[PDB]
Amino acid sequence: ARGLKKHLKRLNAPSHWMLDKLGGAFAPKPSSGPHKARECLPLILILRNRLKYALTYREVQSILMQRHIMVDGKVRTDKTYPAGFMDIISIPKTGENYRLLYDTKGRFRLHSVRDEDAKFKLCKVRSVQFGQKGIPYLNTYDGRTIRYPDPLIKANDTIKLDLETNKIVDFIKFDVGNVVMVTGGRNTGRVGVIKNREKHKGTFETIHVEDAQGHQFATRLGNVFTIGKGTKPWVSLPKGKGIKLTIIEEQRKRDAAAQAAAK
Amino acid sequence: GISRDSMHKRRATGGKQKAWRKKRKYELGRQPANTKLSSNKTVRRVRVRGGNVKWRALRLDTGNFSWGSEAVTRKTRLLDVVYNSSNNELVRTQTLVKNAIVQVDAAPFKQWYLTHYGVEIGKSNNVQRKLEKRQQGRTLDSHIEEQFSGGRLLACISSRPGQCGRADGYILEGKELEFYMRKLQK
Amino acid sequence: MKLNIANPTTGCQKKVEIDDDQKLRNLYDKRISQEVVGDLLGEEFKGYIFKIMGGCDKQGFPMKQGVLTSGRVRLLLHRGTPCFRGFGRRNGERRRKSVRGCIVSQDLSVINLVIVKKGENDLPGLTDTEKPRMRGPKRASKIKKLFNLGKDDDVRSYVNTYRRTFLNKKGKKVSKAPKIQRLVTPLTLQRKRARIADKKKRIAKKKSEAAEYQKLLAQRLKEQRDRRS
Amino acid sequence: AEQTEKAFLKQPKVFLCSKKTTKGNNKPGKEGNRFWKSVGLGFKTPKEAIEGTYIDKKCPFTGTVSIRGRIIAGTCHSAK
RNA sequence: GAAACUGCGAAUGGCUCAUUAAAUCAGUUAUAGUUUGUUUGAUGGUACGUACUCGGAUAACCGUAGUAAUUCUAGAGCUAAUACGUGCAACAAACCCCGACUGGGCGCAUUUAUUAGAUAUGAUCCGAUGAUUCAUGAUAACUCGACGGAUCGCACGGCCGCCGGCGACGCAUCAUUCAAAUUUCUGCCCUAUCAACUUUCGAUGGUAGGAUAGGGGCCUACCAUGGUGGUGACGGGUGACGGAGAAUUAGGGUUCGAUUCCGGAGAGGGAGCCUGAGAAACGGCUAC
Ligand SMILES: [K+]
Ligand SMILES: [K+]
Ligand SMILES: [K+]
Ligand SMILES: [K+]
Ligand SMILES: [Mg+2]
Ligand SMILES: [Mg+2]
Ligand SMILES: [Mg+2]
Ligand SMILES: [Mg+2]
Ligand SMILES: [Mg+2]
Ligand SMILES: [Mg+2]
Ligand SMILES: [Mg+2]
Ligand SMILES: [Mg+2]
Ligand SMILES: [Mg+2]
Ligand SMILES: [Mg+2]
Ligand SMILES: [Mg+2]
Ligand SMILES: [Mg+2]
Ligand SMILES: [Mg+2]
Ligand SMILES: [Mg+2]
Ligand SMILES: [Mg+2]
Ligand SMILES: [Mg+2]
Ligand SMILES: [Mg+2]
Numbered sequence: 002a003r004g005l006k007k008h009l010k011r012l013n014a015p016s017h018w019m020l021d022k023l024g025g026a027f028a029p030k031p032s033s034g035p036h037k038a039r040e041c042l043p044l045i046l047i048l049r050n051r052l053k054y055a056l057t058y059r060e061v062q063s064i065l066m067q068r069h070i071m072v073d074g075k076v077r078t079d080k081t082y083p084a085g086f087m088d089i090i091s092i093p094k095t096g097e098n099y100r101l102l103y104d105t106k107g108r109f110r111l112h113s114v115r116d117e118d119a120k121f122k123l124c125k126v127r128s129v130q131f132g133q134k135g136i137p138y139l140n141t142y143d144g145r146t147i148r149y150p151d152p153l154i155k156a157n158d159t160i161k162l163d164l165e166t167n168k169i170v171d172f173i174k175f176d177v178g179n180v181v182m183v184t185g186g187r188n189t190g191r192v193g194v195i196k197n198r199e200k201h202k203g204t205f206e207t208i209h210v211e212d213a214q215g216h217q218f219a220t221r222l223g224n225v226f227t228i229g230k231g232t233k234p235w236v237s238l239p240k241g242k243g244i245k246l247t248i249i250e251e252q253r254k255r256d257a258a259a260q261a262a263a264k
Numbered sequence: 001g002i003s004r005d006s007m008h009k010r011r012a013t014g015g016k017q018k019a020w021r022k023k024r025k026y027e028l029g030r031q032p033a034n035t036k037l038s039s040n041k042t043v044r045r046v047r048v049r050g051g052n053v054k055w056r057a058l059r060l061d062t063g064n065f066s067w068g069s070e071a072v073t074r075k076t077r078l079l080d081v082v083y084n085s086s087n088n089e090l091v092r093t094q095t096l097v098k099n100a101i102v103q104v105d106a107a108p109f110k111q112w113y114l115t116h117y118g119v120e121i122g146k147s148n149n150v151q152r153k154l155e156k157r158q159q160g161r162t163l164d165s166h167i168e169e170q171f172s173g174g175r176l177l178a179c180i181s182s183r184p185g186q187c188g189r190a191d192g193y194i195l196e197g198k199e200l201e202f203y204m205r206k207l208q209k
Numbered sequence: 001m002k003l004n005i006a007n008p009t010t011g012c013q014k015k016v017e018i019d020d021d022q023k024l025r026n027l028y029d030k031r032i033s034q035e036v037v038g039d040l041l042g043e044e045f046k047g048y049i050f051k052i053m054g055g056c057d058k059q060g061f062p063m064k065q066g067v068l069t070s071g072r073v074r075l076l077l078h079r080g081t082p083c084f085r086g087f088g089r090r091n092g093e094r095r096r097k098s099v100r101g102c103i104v105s106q107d108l109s110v111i112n113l114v115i116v117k118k119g120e121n122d123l124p125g126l127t128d129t130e131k132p133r134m135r136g137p138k139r140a141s142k143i144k145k146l147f148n149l150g151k152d153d154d155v156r157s158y159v160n161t162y163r164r165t166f167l168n169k170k171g172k173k174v175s176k177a178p179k180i181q182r183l184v185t186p187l188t189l190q191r192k193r194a195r196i197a198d199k200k201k202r203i204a205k206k207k208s209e210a211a212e213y214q215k216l217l218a219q220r221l222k223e224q225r226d227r228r229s
Numbered sequence: 002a003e004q005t006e007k008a009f010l011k012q013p014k015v016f017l018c019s020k021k022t023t024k025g026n027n028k029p030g031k032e033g034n035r036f037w038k039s040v041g042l043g044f045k046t047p048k049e050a051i052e053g054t055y056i057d058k059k060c061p062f063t064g065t066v067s068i069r070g071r072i073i074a075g076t077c078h079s080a081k
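Protein chains in written order, with the authors' numbering: chain BE, 2 to 264; chain BI, 1 to 122, 146 to 209; chain BG, 1 to 229; chain BL, 2 to 81.
Read the hints as simulated data drawn from the structure, not as lab findings. Possibly wrong hints are sitting among the right ones.
[What the hints assert, rightly or not] Mimicking DSS-like on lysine-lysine, the simulated pairs with C-alpha atoms at most 27 Å apart in a straight line are: (1) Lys222/BG <-> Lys155/BE; (2) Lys202/BE <-> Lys28/BL; (3) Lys45/BL <-> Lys20/BL; (4) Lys199/BG <-> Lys134/BE; (5) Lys22/BI <-> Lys6/BE; (6) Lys206/BG <-> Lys125/BE; (7) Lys22/BI <-> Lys7/BE; (8) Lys11/BL <-> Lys206/BI; (9) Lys75/BE <-> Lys205/BG; (10) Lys120/BE <-> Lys233/BE; (11) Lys81/BL <-> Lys198/BI; (12) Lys155/BE <-> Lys125/BE; (13) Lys21/BL <-> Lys9/BI; (14) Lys7/BE <-> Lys98/BI; (15) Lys110/BI <-> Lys59/BL; (16) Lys20/BL <-> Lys206/BI; (17) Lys98/BI <-> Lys58/BL.
[Unchecked claim] Some but not every residue of chain BG turned toward chain BE, in silico, with C-beta under 8 Å: (18) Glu209; (19) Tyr213; (20) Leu216; (21) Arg220.
[Stated by the list, open to error] Cβ-Cβ distance ranges computed for the label pairs, FRET-style: (22) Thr78/BE <-> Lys75/BI: 51 to 59 Å; (23) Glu89/BI <-> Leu10/BL: 22 to 30 Å; (24) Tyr55/BL <-> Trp20/BI: 57 to 65 Å; (25) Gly174/BI <-> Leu10/BL: 54 to 62 Å.
Backbone N, C-alpha and C define an ideal beta-carbon position, used for all residues, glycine too.
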């Protein structure tokens with residue numbers, strides 16, 4: 002009340018952190034970092050609860066202190082560091098370069114990308130204005146800021162950003178006909194192609210997207226993330242990429258029963 | 001202490017509002033600086049929210065005043081306070097606040113005018152070949168020029184002395200000046 | 001009224017207790033930092049002058065410099081000032097304590113005197129006992145200021161004051177010496193050069209990026225050959 | 002005139018004593034000019050605000066106040 | 001490596017529901033009206049008018065004590081800094097002014113004023129919003145400017161003394177994250193045996209200031225007479241913290257909601273305040 006809060010109750014944790022209700026009174030509060038602490042997956046919830054590498058809040062530390070975790074091309078030790086979207090969690094030694102992608106149910110998935118594809122990432126772009134001494138800068142959506150950007154780059158764009166030599170390799174503008182993945186709300190994790198953008202003077206830029214399998218859905222100007230030019234994404238999607246409503250999930254379970262086992 | 005809450009005020013319906021909490025620090029107030037025009041300058045540092053610093057000027061004698069028409073800013077000493085829009089006892093007490101009319105000596109401005117326009121009021148070839156160019160458009164208001172002989176120019180304070188610790192301002196000209204002259208003449 | 005006599009030059013402290021009113025009247029209106037002649041307060045103090053710089057009441061309450069005629073008053077003292085210590089208190093925390101004014105009177109149970117003038121008559125105690133201390137200063141410039149030295153003649157080979165002779169309980173002779181705290185080594189110069197090199201790297205990168213962005217805008221101007229060609 | 006108080010009323014950051022001409026200078030409020038702005042949201046600035054002599058720092062068109070938030074329609078109740 | 005100095009934390013958590021009936025609170029807004037230790041990314045040329053590295057203290061320690069007394073307290077002698085305080089800031093360019101006939105300014109920060117930020121001499125650069133004199137640039141000056149590394153670890157190397165790596169801590173600006181503060185609209189139980197309430201002394205509005213991190217009668221001077229009300233103001237009761245929710249439920253509904261999740265408020269009752277990025281803090285102080 003008189004200041005900041007350093008505790009996060011388990012029942013107050015974000016939903017995509019599927020945490021057992023009777024597992025404790027507290028959840029790991031995400032540290033300050035590049036991502037918004039509600040759309041992030043802390044490292045504690047990576048070496049635990051997603052991989053069986055660590056078993057407690059004592060071996061996550063025991064393997065972070067060995068400097069074994071390299072997120073976004075940099076060794077990180079803070080166990081509650083907020084890896085939030087498409088961050089390259091590159092585990093050295095064993096080589097587990099993982100892109101944090103959005104499951105069709107709003108979850109977080111560690112898509113195992115190849116090593117040479119793990120040397121870059123992509124970032125969404127916030128406003129672009131003039132800095133001190135009249136030097137334009139980028140100010141992406143994951144805390145990153147890049148000075149001297151190419152003048153074609155504008156707001157809401159996406160940039161393919163290198164890691165070892167941090168410079169913009171190329172970029173995709175925000176326009177209709179581009180692959181887009183939704184990263185917020187109920188439509189999280191659904192890829193599609195923008196059909197038209199509707200503009201309301203004052204607020205609420207609404208984007209209408211067409212799914213590959215024929216479905217259509219709308220969302221805000223936020224929560225969307227351009228992925229690739231035209232209809233070809235620049236990254237490997239985890240699987241499915243379609244909403245897959247409950248009935249067809251039941252059908253998949255049925256055919257899994259009727260095949261494979263089939264007995 | 002002094003607070004800025006609406007807690008003690010009354011509703012727009014004229015009904016008394018009760019109290020459900022104590023006073024809070026983040027809504028405090030402080031005593032006014034009550035800056036004075038005096039020769040013994042004194043400015044005291046204040047520590048404000050966030051750890052930043054406010055400069056509370058208790059006494060000032062000089063200032064940074066700008067002639068907008070010629071766009072020249074000079075440091076000069078204030079001589080008197082002649083008008084105060086809000087309170088008529090703030091000129092009797094000679095209190096430096098924003099929008100308070102003051103008088104500043106014209107010596108720096110006379111010196112700049114002489115060395116720039118080549119004209120005194122109140146070298147081989149380049150300087151003379153450039154001086155008449157500035158003398159071609161040289162024009163001054165009669166009310167502006169009549170104060171150089173007197174040695175003091177009417178001016179207005181645009182800074183907040185109790186906040187920035189300084190008294191800067193601009194020289195009164197045009198439609199402003201006579202409006203105050205008709206208020207200062209008697 | 002007990003007196004704590006301290007020989008600051010090279011001596012020690014001692015307690016002198018006297019009770020006769022005539023001798024203890026001369027120091028009955030003086031204040032802190034006032035001089036008192038030794039003869040007036042008694043014999044054996046001919047060439048001696050004492051300075052008043054302390055004293056406690058009959059209840060242990062201290063004497064605070066700057067307060068008027070002796071009378072117990074209450075002051076809102078700050079931490080770390082005389083007559084108020086910290087030792088487990090919040091940083092910006094004050095406290096109201098009880099002090100007495102610097103004026104000396106009969107309401108004092110002890111008074112601290114320091115010897116200013118050596119005099120000529122000895123005192124058994126704080127006149128012959130010569131004692132060492134910890135090491136001389138461990139700073140670099142405070143060695144060359146103690147052994148008179150020039151710019152050269154490094155102080156590394158100058159610690160003759162090894163505090164030896166602390167013979168170990170296992171019958172082992174080990175020596176202890178401090179560590180110089182401002183000595184210039186090649187490491188410090190390396191750090192200075194590293195800082196300079198970092199500044200050079202920043203100054204180079206800035207102009208490199210500016211030149212490349214100027215080239216990019218030149219290419220954009222070449223692209224502007226398509227608005228109307 | 003518009004000056005009906007014990008202080009001169011002027012538009013901030015609008016120099017009223019420049020010797021150079023006007024009436025053709027962009028951003029009205031330059032080289033001596035009434036300062037006015039469009040509030041956006043599809044609202045038209047009245048001609049009485051552009052070609053006006055009043056001074057109002059709380060006016061949305063020729064003042065220091067920007068319109069953002071909620072837009073509400075209603076009827077005037079009391080204008081005294 | 002004990003102790004001690006220095007830094008950081010103790011403003012989270014825990015407990016309770018007394019006050020509080022458009023007030024807290026819920027959904028939904030706004031900051032173009034602000035502050036933000038910290039985390040992440042980027043960015044630090046002007047000191048010049050001993051730099052192979054400046055100065056004085058002080059704790060632990062040791063020894064003289066006072067008091068019935070307490071992490072009550074006074075003297076003496078030593079000694080450190082990433083404590084405190086000074087000071088080379090190491091080496092530029094561009095530009096703005098005053099100017100020798102054919103020199104001063106200028107890092108970053110602060111305050112004020114002027115000015116560019118266009119339309120949309122043939123060939124002709126110039127961001128952003130629904131919306132700004134906006135982002136930013138140039139200019140004139142201003143400030144007694146806690147700013148612009150006198151700091152630590154590991155590894156040792158390459159050039160004739162020169163140069164050099166990987167880290168730690170620290171200062172400043174911007175963006176981000178963690179947040180708060182204030183704020184838009186709508187919504188609450190019973191009572192008319194509560195019908196007018198508020199305003200000279202702030203009640204509603206205006207002008208100019210003061211104060212605040214910042215908007216605002218938040219406060220001051222002057223001015224105007226306004227503001228709410230049978231669509232229940234004002235006043236009273238509550239054995240009234242608000243919500244998510246609980247019980248019973250054909251449907252509708254009725255009753256409850258101190259309590260583990262969110263928000264608010266309190267540390268016996270009021271008030272004032274220091275430190276700190278953050279408190280009107282009470283396992284902090286001062287007073288009654
Ligand atoms: K603290
Ligand atoms: K609300
Ligand atoms: K305010
Ligand atoms: K602190
Ligand atoms: Mg908006
Ligand atoms: Mg400590
Ligand atoms: Mg709490
Ligand atoms: Mg009531
Ligand atoms: Mg309301
Ligand atoms: Mg601007
Ligand atoms: Mg105001
Ligand atoms: Mg009044
Ligand atoms: Mg109650
Ligand atoms: Mg409740
Ligand atoms: Mg209980
Ligand atoms: Mg609670
Ligand atoms: Mg409280
Ligand atoms: Mg009790
Ligand atoms: Mg309290
Ligand atoms: Mg307690
Ligand atoms: Mg507490």
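Here is what the structure says about each hint:
Between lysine 222/BG and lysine 155/BE the CA atoms are separated by roughly 20 Å; this keeps the pair inside 27 Å, and the hint holds. Of the supplied pair hints, the one linking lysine 202/BE and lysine 28/BL holds, its CA atoms being roughly 23 Å apart against a limit of 27 Å. With a CA separation close to 32 Å, the supplied pair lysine 45/BL and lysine 20/BL exceeds the 27 Å bound. Distance hint between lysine 199/BG and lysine 134/BE is fulfilled; the C-alpha atoms sit about 19 Å from each other, no more than 27 Å.
This hinted pair checks out: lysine 22/BI and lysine 6/BE have alpha carbons roughly 22 Å apart, not beyond 27 Å. At most 27 Å may separate the alpha-carbon atoms for a hinted pair to count; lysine 206/BG and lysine 125/BE meet this at roughly 25 Å. A distance of roughly 25 Å separates the Cα atoms of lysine 22/BI and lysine 7/BE; the hinted pair therefore holds under the 27 Å criterion. Annotation: proposed proximity of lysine 11/BL to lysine 206/BI holds, straight-line Cα distance about 17 Å (limit 27 Å).
In summary, the hint linking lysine 75/BE to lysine 205/BG is supported, as the alpha carbons are separated by about 22 Å, within the 27 Å threshold. Distance hint between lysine 120/BE and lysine 233/BE is fulfilled; the C-alpha atoms sit about 20 Å from each other, no more than 27 Å. Annotation: proposed proximity of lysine 81/BL to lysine 198/BI is violated, straight-line Cα distance about 32 Å (limit 27 Å). With a C-alpha separation of about 11 Å, the suggested pairing of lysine 155/BE with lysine 125/BE holds against the 27 Å cut-off.
In summary, the hint linking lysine 21/BL to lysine 9/BI is not supported, as the alpha carbons are separated by about 51 Å, beyond the 27 Å threshold. For the hint pairing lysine 7/BE with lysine 98/BI, the CA-to-CA distance comes to about 45 Å; that exceeds 27 Å, so the pair is violated. The hinted pair formed by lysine 110/BI and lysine 59/BL fails the criterion: a straight-line CA distance of about 39 Å is larger than 27 Å. The hinted pair formed by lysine 20/BL and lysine 206/BI meets the criterion: a straight-line CA distance of about 26 Å does not exceed 27 Å.
A distance of roughly 17 Å separates the Cα atoms of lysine 98/BI and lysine 58/BL; the hinted pair therefore holds under the 27 Å criterion. The restraint placing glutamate 209/BG at the interface with chain BE holds, with a minimum CB-CB distance near 5 Å, inside the 8 Å limit. Interface hint status for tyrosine 213/BG: upheld, as the beta-carbon distance to the closest one in chain BE is roughly 4 Å, under 8 Å. Hint status for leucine 216/BG relative to chain BE: holds, with the closest Cβ pair at about 6 Å, below 8 Å.
Checking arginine 220/BG against chain BE by beta carbon gives a least distance of about 6 Å; that is within 8 Å, so the hint holds. The beta-carbon spacing between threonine 78/BE and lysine 75/BI, approximately 54 Å, falls within the hinted interval of 51 to 59 Å. The hint said 22 to 30 Å for the Cβ distance between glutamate 89/BI and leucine 10/BL, and at roughly 23 Å that hint holds. A hinted range of 57 to 65 Å for the beta carbons of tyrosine 55/BL and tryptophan 20/BI is inconsistent with their spacing of about 43 Å.
About 30 Å separates the C-beta atoms of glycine 174/BI and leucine 10/BL, a value inconsistent with the hinted range of 54 to 62 Å.
In this structure, the hints that do not hold are numbers 3, 11, 13, 14, 15, 24 and 25, in rising order.
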